[PDB]
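Asker: Chain A is already provided as a structure; the job is to place chains B, C and D on it using the hints.
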Amino acid sequence: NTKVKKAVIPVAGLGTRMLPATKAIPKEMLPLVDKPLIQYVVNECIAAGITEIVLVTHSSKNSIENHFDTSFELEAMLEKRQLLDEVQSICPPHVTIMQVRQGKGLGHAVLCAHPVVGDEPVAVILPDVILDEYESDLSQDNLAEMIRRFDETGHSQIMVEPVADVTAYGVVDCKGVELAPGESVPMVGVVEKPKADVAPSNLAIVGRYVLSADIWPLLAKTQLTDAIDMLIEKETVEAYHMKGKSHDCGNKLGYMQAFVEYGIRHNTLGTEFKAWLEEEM
Amino acid sequence: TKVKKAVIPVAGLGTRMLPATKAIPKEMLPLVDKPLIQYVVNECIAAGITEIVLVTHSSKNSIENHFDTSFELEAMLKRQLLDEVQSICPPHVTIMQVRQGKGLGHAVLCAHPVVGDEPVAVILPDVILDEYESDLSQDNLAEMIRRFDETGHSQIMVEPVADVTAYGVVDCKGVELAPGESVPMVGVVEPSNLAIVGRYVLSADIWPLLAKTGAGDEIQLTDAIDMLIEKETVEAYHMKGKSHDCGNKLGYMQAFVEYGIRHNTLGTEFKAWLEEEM
Amino acid sequence: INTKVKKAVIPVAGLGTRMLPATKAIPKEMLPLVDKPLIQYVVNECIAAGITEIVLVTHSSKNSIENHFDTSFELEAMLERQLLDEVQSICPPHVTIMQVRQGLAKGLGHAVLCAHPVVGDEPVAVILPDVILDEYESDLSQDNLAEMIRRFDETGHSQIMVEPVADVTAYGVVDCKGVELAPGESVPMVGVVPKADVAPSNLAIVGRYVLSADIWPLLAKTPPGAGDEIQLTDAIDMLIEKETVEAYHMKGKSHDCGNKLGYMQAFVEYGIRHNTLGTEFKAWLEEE
Amino acid sequence: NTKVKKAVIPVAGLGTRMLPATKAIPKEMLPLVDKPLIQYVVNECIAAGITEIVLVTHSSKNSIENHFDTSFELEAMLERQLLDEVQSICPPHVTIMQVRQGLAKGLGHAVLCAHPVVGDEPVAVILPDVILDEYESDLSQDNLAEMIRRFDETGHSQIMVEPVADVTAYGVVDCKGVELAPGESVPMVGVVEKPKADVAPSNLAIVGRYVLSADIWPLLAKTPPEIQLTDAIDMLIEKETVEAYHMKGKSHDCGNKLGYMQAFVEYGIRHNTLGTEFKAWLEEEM
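Residue numbers (this note's numbering), protein chains in the order written: chain A, 1 to 281; chain B, 1 to 278; chain C, 1 to 288; chain D, 1 to 286.
No lab work stands behind these hints, which were simulated from the structure alone.
Take the hints with a grain of salt, since some may be wrong.
As the list claims (entries may be wrong) - Result set (BS3-like, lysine-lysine): computed pairs, CA atoms no more than 30 angstroms apart in a straight line: (1) A:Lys274 to B:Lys242; (2) D:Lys257 to C:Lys36; (3) D:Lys222 to A:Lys3; (4) D:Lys3 to A:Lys5; (5) A:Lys245 to B:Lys249; (6) D:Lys279 to C:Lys253; (7) B:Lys78 to C:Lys106; (8) D:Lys5 to A:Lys61; (9) A:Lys193 to B:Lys271; (10) D:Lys35 to C:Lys253; (11) C:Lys260 to D:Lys35; (12) B:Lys271 to A:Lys274; (13) B:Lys102 to B:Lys249; (14) D:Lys5 to A:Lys5; (15) A:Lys195 to A:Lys104; (16) C:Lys36 to D:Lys250; (17) C:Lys195 to C:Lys260; (18) D:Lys3 to A:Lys3; (19) A:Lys35 to B:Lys102; (20) D:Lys3 to D:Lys222; (21) A:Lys3 to D:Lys5; (22) B:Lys78 to A:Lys195; (23) C:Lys253 to D:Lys257; (24) A:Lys61 to B:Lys249; (25) B:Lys4 to C:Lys221; (26) A:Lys80 to B:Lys249; (27) A:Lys104 to D:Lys35; (28) A:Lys80 to D:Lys105; (29) B:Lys249 to A:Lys274; (30) B:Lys2 to C:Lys6; (31) A:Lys195 to A:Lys175; (32) D:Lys250 to C:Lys260; (33) A:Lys104 to B:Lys34; (34) D:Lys222 to A:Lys5.
Claimed, not checked - Where chain A lies over chain D, by a calculated footprint (3+ residues, C-beta under 8 angstroms): (35) 65-74; (36) 97-103; (37) 116-130.
Quick reminder that beta carbons are idealized off the backbone N, C-alpha and C, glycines included.
Isolated chain A, as found in the complex:
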């Protein structure tokens, strides 16, 4: 298959932008209607073919792991059925969630997974960014596509998308080439919240990466970006243009918008919710 077996997901220490909702519950457990962000993120991983998920965590984060694990008393009450099928249907049996503690920096959270991952290519996924399942085919596009491409060329993939205001993100330098959703083109560097006038593209790092086993040593020499730009010095790495829509639930308004969008699409209450929104707005 693919040498990309593991997805490393850094679990937020404290999602301060979302206080106080996340003062005592992880932001990864904040819900989009009726499921926690991390359940969408894990299913995205799985749709791409990943079966091993390495959560890079902290002490106050047990509920994320319990969400995917079995909940004895809960299930007991449940028998005491659909929901029951559902709660045990959260993590497919062929999927394994692993945990390692980080006790700062995303590049640091990645390095922490080194020992679990080995000296192999890996996927890095940020948990507060949700790629829209209805807007693209997760089994074929995006992370799924970035991995197929990595297998084909051995070139790291870095998901990106066009954004209005560039100063707010980390922009990639694709030497001015235009990219269509779905394509991969070489990147020659990354610019941390560039100043509009000097920004390399309008292409923002989305929070999805498929990286060659070489970042590992680079991470040690080294944030992800600097080992990224160092990797770039050694090999080709490409920007992959995200297909569909993403939701950034790491910012309050982004989260509120996602809440509503997923609300309108809810399998059982979406139409009624949508109707209500229309007679209400």
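Answerer: Frame of chain A, contents of chains B, C and D only:
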């Protein structure tokens, strides 16, 4: 001020919101950026309650933690924020926790040792009384308590429904009730179009009645309620403004939007975004 | 007539340093004396004395203490025999455990003050959990906490348990104006100190108190040290000042499980006495 | 270098033999003087060269992980010698990973759950309620460390054993009647659970330490007609040579009350700072 303690049963596990509540308490689901329990407690405080008793479960330390101070967190934030965050539980308010050993009537019983034989407020936490459609410091719980204190008559909040077939309606021997008013209730029929909302202000007299009080072998507070009734004058208080049942998925999704539009820093942008998108 | 001391308050919010690393991720109060955590002995002592309301003044990382006394669902499941019933009986049905968080408040005086809202303006017992009162060496249903409560009901005077120490240079020693105390006796104390030539007595403060409702306002008005620190000894000195305080002479033996050596000595002493393994252990001990 | 890089520690089951102490704290967190049993076991894995430990766990046991992680609030609270001691707990080059076991299904099944973590590689299996005495063997040269070096040389799995008086209480190996000296590895032709003394192939009991080849993986994947480690070991013997390794020094079974109380006293006598005193104390008192 005779009523200083509010009992909040939050020890049940919340089914209708699965899978979101599998590993987190339903009481910590956010309405925008504040958990349901924060709105609830804020409501108690506004009414002058200074001691909140959570009748809980092993899995809900997140709720107490939300109200306690998060050291490492505090170690982290900033000036503006750092305030807002300690500020969750003001200094004169105490959150106490007792573990339940099922039913609301039994949940309230467990708090007896903490409350003592005193008048007590009973608050259902997955029901939100809208802070913008009422003045929570002057109305509803605030006032139902102010009236208990003035007259020692118990108060049970109710609001008019549509399908009275769908609900339990209090019997007020036919007296027309309007927002803001109270009038004796003689019981409930499952007589008026008024339903129990989930806020109760009860005389210390319910305790012994609650001890002497089931459907699934659960202790019903309705049962002690009617008992208190045959012993005394209990009044229905007509809720003012709007309530939000956040214990049902749709009701929760709808309050999320209503509150978002009213959000103090993001309400205007979200509302405009919504208006276009929708 | 029933006493008015209805609640015991147990400060369990601190992170116990002298016991590290053992207590690095577990409460010092959950350290076992053979096969039971220190806290169960302490709660049982409250119970033997008739207290049925216990207030733990805790911290976030200590949910295990409450879990100890609650029903342990999965465990009982996987338990369904003796263990089931032993385990099922750890906290009797008529005993209620309440918890309140100490939060930012530093100091023992603060810890006690935190329970005020649960206790009310009522007298209360204050129990430090790392000191274990030997259930074999005295009758906890009549002595010690049980007797200090009775003395407080008979005189209105707050009670402070003390015990005799050969070395006064290492303790909180009381001044009872040189009046002698025999076990079980309470006599007014006018202060608390001590070098040795100037010590007012050989009686050290053990860790148990039965205080009147008057400690409440005093505690709230106790002047802080930095960071709000309110010490209970300070509040105690003002109580002594406001009124009559007696020192009560402990019966039996105490185990200070707050220090390493003492927790070890305790573990051994309770092992030898274990209802099931006492004999075999004691013997194995004589052999070794 | 060795292909044996990972040690799997099954700590997921709930320890009934030690109730009620263990009602709400994991058995692995009980202290032998001033350290939890799991610290001793982790330190032993480290002495043997292991720098990757996989706990196969349960939800109610975060405390085991917190023990090795950074105790931010404590550290802060200490910020001297003790602060160091405290951080030093897990050496920076050693990593603890965790996986949850599904339905409580046995040690065999516990190891099996570590498969995705370890991969198709040889592993060390360590039962954490058995403590190998540090004072009585050189844990950096004998026992697990030796077992691992013999596996690297030969490629033969190593199952640790020690002589017992009563075989009916253990899983016993069959080495074809051949004597093993401490530190010696001898091929085993079978394993048997709790034999009646009259048919027992030896008086050498499985202690609880294993260094297994990557070939036990497919064997552990099989469902019996309860997945048992010894049954897997017996299937492996069928395919390949497996040796029993005779433990050096002394072991402590702290999975049973008496054994834990004895180990607590034995280690208190040896405590670095308090032993002399504690011992003296015990003499006068005994």
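Asker: Tell me, in ascending order, the numbers of any earlier hints that this structure violates.
Answerer: Structure breaks no hint.
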